[PDB]
Structure formats: structure tokens, C-alpha cells
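Only one chain is given next, in C-alpha cells, and it is the form deposited in one PDB entry.
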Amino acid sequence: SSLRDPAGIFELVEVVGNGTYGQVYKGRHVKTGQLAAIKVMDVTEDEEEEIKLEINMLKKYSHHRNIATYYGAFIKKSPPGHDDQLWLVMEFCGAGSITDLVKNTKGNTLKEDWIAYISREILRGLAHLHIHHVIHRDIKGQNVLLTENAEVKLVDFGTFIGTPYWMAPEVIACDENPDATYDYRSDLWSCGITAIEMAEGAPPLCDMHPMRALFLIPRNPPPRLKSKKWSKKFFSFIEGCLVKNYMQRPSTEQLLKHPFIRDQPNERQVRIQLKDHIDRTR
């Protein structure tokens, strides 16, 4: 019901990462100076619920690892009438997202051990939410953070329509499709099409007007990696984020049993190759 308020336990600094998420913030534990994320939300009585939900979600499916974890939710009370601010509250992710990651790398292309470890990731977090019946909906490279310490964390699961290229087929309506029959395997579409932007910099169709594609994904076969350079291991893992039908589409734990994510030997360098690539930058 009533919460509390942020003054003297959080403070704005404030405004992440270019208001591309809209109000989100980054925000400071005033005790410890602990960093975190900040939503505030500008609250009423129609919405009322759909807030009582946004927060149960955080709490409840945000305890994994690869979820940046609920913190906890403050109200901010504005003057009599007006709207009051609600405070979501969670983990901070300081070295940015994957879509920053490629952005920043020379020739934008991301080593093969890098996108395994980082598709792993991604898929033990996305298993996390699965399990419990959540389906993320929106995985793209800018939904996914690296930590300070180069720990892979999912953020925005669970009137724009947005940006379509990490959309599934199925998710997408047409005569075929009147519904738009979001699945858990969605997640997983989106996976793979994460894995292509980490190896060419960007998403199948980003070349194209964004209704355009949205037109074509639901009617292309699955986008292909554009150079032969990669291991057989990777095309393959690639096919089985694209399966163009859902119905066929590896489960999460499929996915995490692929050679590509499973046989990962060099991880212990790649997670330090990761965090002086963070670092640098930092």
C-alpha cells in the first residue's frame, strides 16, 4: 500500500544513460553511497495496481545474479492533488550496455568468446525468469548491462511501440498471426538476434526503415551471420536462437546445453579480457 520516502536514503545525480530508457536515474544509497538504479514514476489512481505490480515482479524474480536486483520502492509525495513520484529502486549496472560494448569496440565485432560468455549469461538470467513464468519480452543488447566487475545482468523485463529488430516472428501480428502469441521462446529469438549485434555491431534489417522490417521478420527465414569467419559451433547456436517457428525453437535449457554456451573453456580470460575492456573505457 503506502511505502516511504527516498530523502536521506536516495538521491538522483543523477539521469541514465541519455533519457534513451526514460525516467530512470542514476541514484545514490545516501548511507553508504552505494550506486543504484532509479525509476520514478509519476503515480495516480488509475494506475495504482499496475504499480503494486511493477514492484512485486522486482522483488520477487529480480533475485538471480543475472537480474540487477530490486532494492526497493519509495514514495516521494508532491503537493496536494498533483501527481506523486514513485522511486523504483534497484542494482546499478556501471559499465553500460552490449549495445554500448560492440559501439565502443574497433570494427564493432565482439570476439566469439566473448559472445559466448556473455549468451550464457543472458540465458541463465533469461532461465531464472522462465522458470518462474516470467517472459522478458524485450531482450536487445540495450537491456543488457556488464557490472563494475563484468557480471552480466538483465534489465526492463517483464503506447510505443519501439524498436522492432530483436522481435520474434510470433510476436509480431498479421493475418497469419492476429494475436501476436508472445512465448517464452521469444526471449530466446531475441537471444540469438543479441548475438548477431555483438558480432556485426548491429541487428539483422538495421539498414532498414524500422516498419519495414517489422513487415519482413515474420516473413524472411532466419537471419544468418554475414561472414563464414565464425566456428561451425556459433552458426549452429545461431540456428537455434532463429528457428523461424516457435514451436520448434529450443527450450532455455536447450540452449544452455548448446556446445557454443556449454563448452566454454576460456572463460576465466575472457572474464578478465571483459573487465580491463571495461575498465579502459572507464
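Residue numbers count along the first chain shown, from 1. So that the term is clear: the rigid core is the largest set of C-alpha atoms that superpose within 1.5 Å between two forms. First, how it differs from the form deposited in another entry.
- Among the residues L225, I55, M41, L214, the single one whose Cα moves by at least 2 Å between these two forms, once the core is superposed, is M41.
- Core-superposed comparison between these two forms: CA of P265 displaced by less than 2 Å.
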Given for the second form:
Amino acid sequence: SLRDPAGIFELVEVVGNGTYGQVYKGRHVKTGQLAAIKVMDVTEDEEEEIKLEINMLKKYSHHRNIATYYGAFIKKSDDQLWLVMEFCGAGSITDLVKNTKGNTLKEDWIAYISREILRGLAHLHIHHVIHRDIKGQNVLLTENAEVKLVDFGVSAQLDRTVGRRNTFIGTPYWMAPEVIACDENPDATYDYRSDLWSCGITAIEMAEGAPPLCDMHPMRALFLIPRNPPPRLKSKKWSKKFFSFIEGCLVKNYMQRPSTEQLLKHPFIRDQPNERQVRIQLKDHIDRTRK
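Next, give the form deposited in another entry, keeping in mind that what was shown is the form deposited in one PDB entry.
Left out here are the partners and the other molecules; the chain alone remains.
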């Protein structure tokens, strides 16, 4: 039932990569409006599973902190599946830190971005959806400094032979301990609280420019996350509220880790006086980097 994108959408250039496939800057032919397009090689037997993934994307993307779902297309050739969503022109928060002097963001910026992540997560969690891949690369900015989540998990449940696009393991650095299977955790599953650990790692990334364990081989990092104590910010310059926020996100045992609603009520998230100027400071930084 998925039509060919010819005359509807066109690919302009590559903007990045997912765990599988590539993400392009795309254009709606008739209006010229931009859209981001996730292009992945798919076989004709993957079709039934993809249709189930589509309905999940459509249903839970209707929130201002989640990139909006536009539509799905199959470019016949293996064939290509095109997942069309809202374009977030200012790129990822990973790019934002990398393109800032000293590779560090102001604490009030971290507070604003983290709250927006948490609001997007709260919307997903209330609908029984775990994001499963929160990281700076999956947290995007638009031209008017709006924060949007991308690439929330839509797979599994069919017991089938997992399709090629779902056979890859991404980066481990933002993974919660409980998600990594070991001798004491044979069936390591995602809990909604696994996203909160990832949110905490993302705040360290905004603060230091890199997640903890960045100097290690990804396989070595995967082994250390379940064994290592909660990660900490290296500098002492940070406020007591920021250290307390990181502590909450990064409670080692997920069983005592706070919920998304509890973390949205944390003073570092809840008490944002300079909220108005932060959004202005971000918009001005977006334009400064663009040119």
C-alpha cells in the first residue's frame, strides 16, 4: 500500500546516519518544504512488520518535543523504505556541544534542553512507549530553537527473524546498566526508566562534550557500564541542583531510579527563571553557527 515517492519527495543531501540506513535532508516537491528522510534497504518480506512500525510512528509523534511523522514510501529497485518526518534544521545537540567554545554548554541551556527531552519522554512513557535510544544525536534543534526527539523504538513483538534494519547495535555509551545482559541480568530489558539514565548521560555530554567512557572501545564500555558506579561530572563548577539532577538520572539500580514525572519536578528542571533568555541565546547561537 506504500506508494513510490517520485514527484512527492526528493532527497537533497545526507544529514547523518541512524543505527541502520542514512538520514537525508529531503524536499516536498510541490511546496519546496524540507523534511528529513530515513532511507533503509528493505526486502519484500519485511513489509508486514514495517506497516506495524508505521502506525506506531503515526500515533506517538503528535507532541511538540517529538519530530512530526509525515509519511512512508517504498522506492522500487533490494527496495528502499523512506520514512518522512519533520526537518530539524539546526541539527543534533551532539553538534551543538561540538561547535561550542570549550565543548561545554551553559548550565541554564542544559536545564532547558533536558526538560524538553523529559517532556518528549513523558509523552512516550504515558503511551507505554520506551524511546530505547536517547543520546545527543537523537535530540534535535529546529531553526527557532525548538527541541525534538527522533528515532524512538517501534520494533519487536512479532517473534520473527529480525529484519536487516534491526540487526545492528548502535553506540553503547548512553545505555542504562539494566539493558546490558550479564550473568546476574540474563534477560536485560528496557524499562521506561532506562530512558532517564540516557537523559542523564546526555546532560553530561552537554556539560563535557562527550559521554563518560568515551575514551574506551565500545565493547569495553558495554562491559563496564553494569559494573561501574554511577558516572559523575568531572568539574566542581556546576551547581548543587545540576549534580543532584545527574544523581537522579543516574541511579544505578533502575528500581530506585525516579520516574519521568518525578524528574520533571526536580529543582534543576522545574526552576528555570532565565527560560525566556535561554531560548533567545540558543536561537542566536543557531544563526551564528549557520554562517
